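Only one chain is given next, in structure tokens, and it is the form deposited in one PDB entry.
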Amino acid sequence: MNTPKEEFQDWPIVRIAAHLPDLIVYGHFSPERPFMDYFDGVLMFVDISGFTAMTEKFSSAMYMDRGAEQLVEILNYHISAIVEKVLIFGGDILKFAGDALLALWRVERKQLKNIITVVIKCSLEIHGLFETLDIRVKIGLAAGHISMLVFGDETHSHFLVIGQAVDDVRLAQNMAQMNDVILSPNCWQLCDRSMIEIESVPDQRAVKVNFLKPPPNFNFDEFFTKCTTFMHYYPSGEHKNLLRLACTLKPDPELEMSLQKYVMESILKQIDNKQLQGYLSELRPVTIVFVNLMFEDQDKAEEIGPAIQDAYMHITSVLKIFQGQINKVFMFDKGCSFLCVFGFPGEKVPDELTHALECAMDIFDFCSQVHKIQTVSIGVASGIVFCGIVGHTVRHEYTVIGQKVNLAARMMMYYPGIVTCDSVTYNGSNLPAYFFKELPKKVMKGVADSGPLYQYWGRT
């Protein structure tokens, strides 16, 4: 009696799970919103520098109308290797944003020291990989208490990690010069100092890792194996050949119903083999509306959660009306940011610019009265941006990369408390000139040639 091979592996639920971390896939939590949970772990924020420039070049005529296809190929060639390293070291990729990704090793408080060692080794191996396009990799690490927030409505869900360690990992990474790994202060405080050769960062309690220098008896693989005891989802045994346990998920309509809420409809359409895979990789004219919600420095996560929930409910209704989408949500330095996009798969209109501006003002007016939100700032920029699925086969997300994305994000930070827009949006809108005010030109870090910027004043 024959015993033929292959556990079938490519169910819709498995494909959906590629778009989510284990934190969500295996989360089994309440469907109330907001939902908050608390844990400890180590974070790694890996930020590639140089794909936004590569993006601009790939629109040129030399790429012969295949710039999006070539961009996404070369990006994924590099990012998929990084993702594999993270997964093999036992980490959970939480979210992608353009050419960056945030990863988490959730562990019990007693294991933080040991896990920091595993994550530093992983970081050094990620720097390893890149002795090969013009691109640097900056890595920040942090460790400590982390809170998870899940917010949404009955058909959509969104998550974030929050707290000092999240702020710290971002601050750490941002200090790295090309190809450095930086530890947060608390990470350096908790780590195994005998193993880890560091140096001062000027005007900073963070430190740069110079070397991993283990003792005589230390064998990394035996050490790593012991650390796997504390990793709940590390593929093992008959599944040690897999990069994720999520590859073994079996059909379960209730779990699927829950996971699909995190993923865009156009992505679900591709997952369901109702649209061609290549259709979502594009260099497409869009309008980016980047909305920043600032909370007071005193604010704790249990106050932040209901306020993001409230803002979200309004953002989503306004976007539905004006034909916009939330591409990604971020939070650090007391600012929760919604990266919103007008134009992309299906939603292409003619009055898109007018609509992005009115939508932005509606969001600004509503969110300004949400209890606990100190300041709303919204940057609006229009241009050619790369849209597509970034990452590895087993762990990837839809995202956007482009100069106008970065510009919108810089506007919102440099021109706080107002709605700002770029020249393309200004000249291209229906609207008369006195709806606007021309702004003083600020020198913006990582932005040159930016052109005239405007405040969207409104009808009044």
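Numbering follows the first chain given and starts at 1. By rigid core we mean the largest C-alpha set that fits within 1.5 Å across both forms. Shifts are known only where both forms have a C-alpha. What changes on going to the form deposited in another entry:
Core-superposed comparison between these two forms places the runs of three or more consecutive residues whose CA atoms all shift by 2 angstroms or more at 6-8, 49-53, 133-136, listed in sequence order.
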Contents of the next structure:
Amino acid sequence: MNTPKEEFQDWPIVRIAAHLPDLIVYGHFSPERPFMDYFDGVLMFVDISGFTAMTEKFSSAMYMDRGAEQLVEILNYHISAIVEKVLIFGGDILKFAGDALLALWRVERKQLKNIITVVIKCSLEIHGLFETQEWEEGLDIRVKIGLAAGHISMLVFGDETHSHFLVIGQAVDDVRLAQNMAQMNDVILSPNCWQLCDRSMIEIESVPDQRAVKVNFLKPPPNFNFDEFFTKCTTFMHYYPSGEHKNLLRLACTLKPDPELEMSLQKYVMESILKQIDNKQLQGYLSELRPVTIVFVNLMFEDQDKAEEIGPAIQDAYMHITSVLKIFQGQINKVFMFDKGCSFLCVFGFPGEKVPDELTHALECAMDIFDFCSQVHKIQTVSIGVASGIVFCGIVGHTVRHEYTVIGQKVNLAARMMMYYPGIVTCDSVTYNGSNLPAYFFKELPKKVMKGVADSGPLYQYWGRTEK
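Could I have the structure of this protein in the form deposited in another entry, to go alongside the form deposited in one PDB entry above?
The text that comes after this line covers the one chain and nothing more.
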């Protein structure tokens, strides 16, 4: 009897799983929201921002109206190479953004030391990809890497149709500290990463006024063989493709149809993405330069606050945020947490939600969210930035691991605004001027210098309908 080769296993459940980390795909947890779990691992934050020069440019007329198509292509070309490196070195990519991706190696505590060595080697090989590389002629693409190690809590929150996840805690705050001081071509170790690592492997230098450390060199001992060392490390790596599946980048590529699993996983993914996955919309339809309004919501908590207090508060906030976004036709594109703040990157416009008064409505949605979230137990401060303009939208990443992502100066501006103008709703000139609203609904603000933004134009506070 013939034995034909198995065909390409390209099921919906596999396609959905490309949009999610192993943390979620193989997580099997309770239906309760919030859900929290606790573990240890190593985090790697790869800063891919070295391409502001790109996204702006691609809206230029020289791109003959194929700006978004070209941008997705060149971006995924570079990011795909980063993603293969992470996956091959046994990491789990948690999330992508316009400025970054974040990857996890989850391990038992005893193995933290050895996995840090794996992750440092990975980092150095990532820098290696970009040593003589440039987006065009004479404009250089390099990355910056922050690494951390230690305790990690995971939070899953959401409702009956939508789910969202975050990591929080020691290693997350640490990787933020590490990435904030990393420069081009750096690999920075958090203080705890430096405390836990194998100091005989690496030579570091101190970073002035900092307990975080920079890697100069990975100098292994005489008898060290990385491939043998890596193989021993894989003993502790639950889902590393192996045996008959060692030719695959992810075990998730082997997922078989399972309606209960797919029902759970699809809740993390946008309906417009599911449509493409089900071959009910063209595969290139979501790559676009689109005029949108970004509403970037920051929920701050006190230093005292741990996961078990944060979780219910984010859940309560979320339940209100989603109800407002549903009304005013908005989407949560991303959720992030760093600097004691859980942020929601919300978007008005873009896939099929393109309704007029996008601007008045974005402002009122923002105020509604601000007023409600301010009353949530344990939420110390709410801050919301609102910016409107042309942004890149697209599925970013590798074939086997990618996410729908929004990229552009308006995204970055909204993010700085909520950070540098805490406790209020702020908006940019486009939103202000384009709103069908009287001037006294606003307050014109002092110009601040915001790290990673140049010439923001006049910024305003959305005061609201009344003096109060």
